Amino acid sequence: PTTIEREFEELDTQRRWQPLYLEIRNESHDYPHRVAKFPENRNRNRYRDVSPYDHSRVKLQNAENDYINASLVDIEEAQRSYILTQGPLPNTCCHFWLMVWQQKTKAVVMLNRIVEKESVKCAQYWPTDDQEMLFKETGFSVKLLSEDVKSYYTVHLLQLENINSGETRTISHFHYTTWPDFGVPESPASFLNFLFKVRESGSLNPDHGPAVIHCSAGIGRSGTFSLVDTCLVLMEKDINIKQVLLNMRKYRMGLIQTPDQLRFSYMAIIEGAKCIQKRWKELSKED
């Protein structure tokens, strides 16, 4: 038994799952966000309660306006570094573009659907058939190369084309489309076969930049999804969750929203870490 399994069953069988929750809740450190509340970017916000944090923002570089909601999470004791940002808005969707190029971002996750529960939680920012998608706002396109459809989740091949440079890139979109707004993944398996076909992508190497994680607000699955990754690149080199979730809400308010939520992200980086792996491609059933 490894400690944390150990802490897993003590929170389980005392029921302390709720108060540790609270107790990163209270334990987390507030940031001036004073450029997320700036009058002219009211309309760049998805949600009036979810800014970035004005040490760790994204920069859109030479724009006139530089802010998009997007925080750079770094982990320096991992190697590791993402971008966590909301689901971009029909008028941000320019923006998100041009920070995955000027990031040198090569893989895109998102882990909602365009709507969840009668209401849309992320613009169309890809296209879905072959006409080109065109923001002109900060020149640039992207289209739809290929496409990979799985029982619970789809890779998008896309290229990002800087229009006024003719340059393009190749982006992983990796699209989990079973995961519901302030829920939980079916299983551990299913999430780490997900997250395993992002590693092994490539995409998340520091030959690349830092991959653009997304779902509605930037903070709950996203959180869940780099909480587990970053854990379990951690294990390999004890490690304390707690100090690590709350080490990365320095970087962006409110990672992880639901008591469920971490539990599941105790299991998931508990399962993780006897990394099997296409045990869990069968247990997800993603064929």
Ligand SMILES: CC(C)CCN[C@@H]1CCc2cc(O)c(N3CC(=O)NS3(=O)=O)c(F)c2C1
Second form
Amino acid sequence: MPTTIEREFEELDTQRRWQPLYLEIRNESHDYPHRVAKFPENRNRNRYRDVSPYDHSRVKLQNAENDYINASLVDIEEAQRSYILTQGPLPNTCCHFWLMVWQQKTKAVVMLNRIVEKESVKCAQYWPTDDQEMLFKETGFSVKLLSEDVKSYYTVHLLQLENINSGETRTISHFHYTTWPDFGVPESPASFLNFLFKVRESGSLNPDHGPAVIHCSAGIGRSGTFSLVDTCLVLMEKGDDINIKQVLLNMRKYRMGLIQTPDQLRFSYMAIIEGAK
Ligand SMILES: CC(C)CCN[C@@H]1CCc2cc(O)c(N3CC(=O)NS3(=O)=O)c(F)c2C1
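Output the structure of the form solved in complex with this ligand; the preceding block shows the form deposited without this ligand.
Time for the whole complex; same chain goes first.
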């Protein structure tokens, strides 16, 4: 029979209620303090003045003079899942990004943007593209490209993250979705689901590892879409119904503006429907 989410989707589609439902979410999302992001010392650590992590859920850099990073811990207790959603690193925050990855014991970095989108740099080149070692002297980290697996719409880079201070190294999986435009959607629910199931298959979203770092340019539109679909598919496993609107409103309490367009909200519904099959 048509599932409850399938009927909710059919109702929104035939009644053309996507733009009003998105506006409902926007007006029902409560604002939370983000005073630390706005400190004058952190102005050069933010990529967008209107995108800030909340004080109650920001990720702190441990043992640092300035513990600030534009990253949020998004916890979904019910789904047994936590992520770090962050902006695409700036040239001066690449060292903080790698320090965060180490401290949080992250195993995978999920990248949903391209470095250059619509005539603008949306992210720094924070990982090496060749055999040259990329050095982050501020925090004491090295990154070396170990291998690259190129697919039509995504690439997986294996990276060696060296902590020079401790002499330890770790293998990080860098899942780069290369065909998801800024403020746009992936070309199909199947391509997004195949990429999502590749990240899951690696164990990087499990509780035996630290939270996976999900980023696009601002860390809210495409990262929000990816995270909602993944969380809703886990909540779906208990045979219950999910109020997608409420799960998104709950996620928006950890990081502001998750899902930036009504078409990204519609895509989240199609992907959750096809995923649960
Ligand atoms: C929190 C909210 C009120 C701020 C709303 N203004 C900011 C303006 C700058 C900006 C730039 C982006 O590239 C994007 N992305 C769109 C997408 O699909 N993924 S993304 O996060 O990289 C933004 F969402 C925003 C939103």
